[PDB]
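**Student:** This is what each chain is made of:
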Amino acid sequence: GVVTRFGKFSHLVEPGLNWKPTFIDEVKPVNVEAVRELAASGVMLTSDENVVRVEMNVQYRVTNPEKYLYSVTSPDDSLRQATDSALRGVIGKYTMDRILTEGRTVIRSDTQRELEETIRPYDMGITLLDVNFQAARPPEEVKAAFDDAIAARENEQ
Amino acid sequence: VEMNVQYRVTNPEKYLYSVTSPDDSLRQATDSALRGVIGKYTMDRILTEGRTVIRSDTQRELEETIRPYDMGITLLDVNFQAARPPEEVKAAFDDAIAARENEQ
Amino acid sequence: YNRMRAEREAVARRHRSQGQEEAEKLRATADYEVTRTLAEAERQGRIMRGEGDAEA
Amino acid sequence: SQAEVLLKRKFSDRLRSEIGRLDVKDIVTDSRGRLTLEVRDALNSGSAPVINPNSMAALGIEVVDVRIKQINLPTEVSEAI
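Sequence order for the protein chains is A, B, C and D.
Residue numbering for the first sequence follows UniProt numbering, starting at 106 and increasing by one per position.
Residue numbering for the second sequence follows UniProt numbering, starting at 159 and increasing by one per position.
Residue numbering for the third sequence follows UniProt numbering, starting at 244 and increasing by one per position.
What the fourth sequence shows, in UniProt numbering, is residues 133 to 180, 211 to 243, in sequence order.
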């Protein structure tokens, strides 16, 4: 709980049964010990003018509500915009072929590190827990040929 | 072409008793300045290179246009917004790029 | 607008025409190599036939 | 509402000017937020202790950061790729 004076914040109450003078101060609780989720996807552009359908999942948590509540408006939404910029910027550096097989491990690391650097000035109370890359499948328009390329190997054999 | 002009005002003795409808009069003056300057530069330049030298010239030219007037309006910033080509010719502009891809 | 539109179309035609020109050239050389390789094999086969005919 | 509009107009001009002098390759490979920093630098400090009137410092605004979420492409240009 976050006990707060009419306009001003008063003090942080710990779990249990507390008392607040009715009509004078109000409490606003926040969950700070429970994993959250923020899935960010989009049709990003690679470094070789190729298109790749990448999707990512960002599991995070929050911290002391003084920062989370009074740092930026809509902290969940604002973080999502930062995540998109990081993912596109990161994807923008590597080529399509790399991102599909090799980039899987580094892309999450770079996007996670960039996302943290992007939200350092904000001072928000959001803490990044893990960035687990989900998929980097190619565009559906070219997927047909990508499947044929594998079928061609079997046809060759 | 589309442009945005951010400005402020000053001592009302000029703004109020110099010219009728100063905001509208400034808009008409802006069109004459914008039309004149654009006429000097070519299409290709204005879209990519001319953009920075234009916001400098149009801002400077617009100021010179209102110097004799003596109005109390003060120019704050001249921030160019858009230079998209005519919608009728946009079709061909994209096809030229597609041809390169088709060539490959 | 038509004047500028016509000029832009020329660039598109130039790029597309250039690609077709290059593609045709590659196909031309490809056919030559196929014929050349096939001709060499046919030449070798004729040699074998003469030896067999000579042996018989 | 008024503040967001003003920032948008200035951002457009600075961004358009930069992209005009840059190539598509130079816009997709940028990994250090150079253009965003330059645009942010320009918005924070303009041209002319003097506070440039086209700067966000002349107003009570400070652009803490500038980022591009997703650089998509036209429908026709993407279909040819």
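Keep in mind that the hints were calculated from the coordinates and are not lab data.
Misleading hints may appear alongside valid ones.
[Said to hold, decoys possible] Straight-line Cα separation of at most 30 Å, DSBU-like style, residue types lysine-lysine; simulated pairs:
| id | chain 1 | residue 1 | chain 2 | residue 2 |
| --- | --- | --- | --- | --- |
| 1 | D | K157 | A | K172 |
| 2 | A | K125 | A | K172 |
| 3 | B | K248 | D | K140 |
| 4 | D | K231 | D | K140 |
| 5 | D | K157 | B | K248 |
| 6 | A | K198 | D | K157 |
| 7 | A | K248 | D | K157 |
| 8 | B | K248 | D | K231 |
| 9 | D | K231 | A | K198 |
| 10 | A | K113 | A | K133 |
| 11 | A | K113 | A | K125 |
**Student:** Sort out which numbered hints this structure fails and list those numbers smallest first.
**Tutor:** Of the numbered hints, just 1 does not hold.
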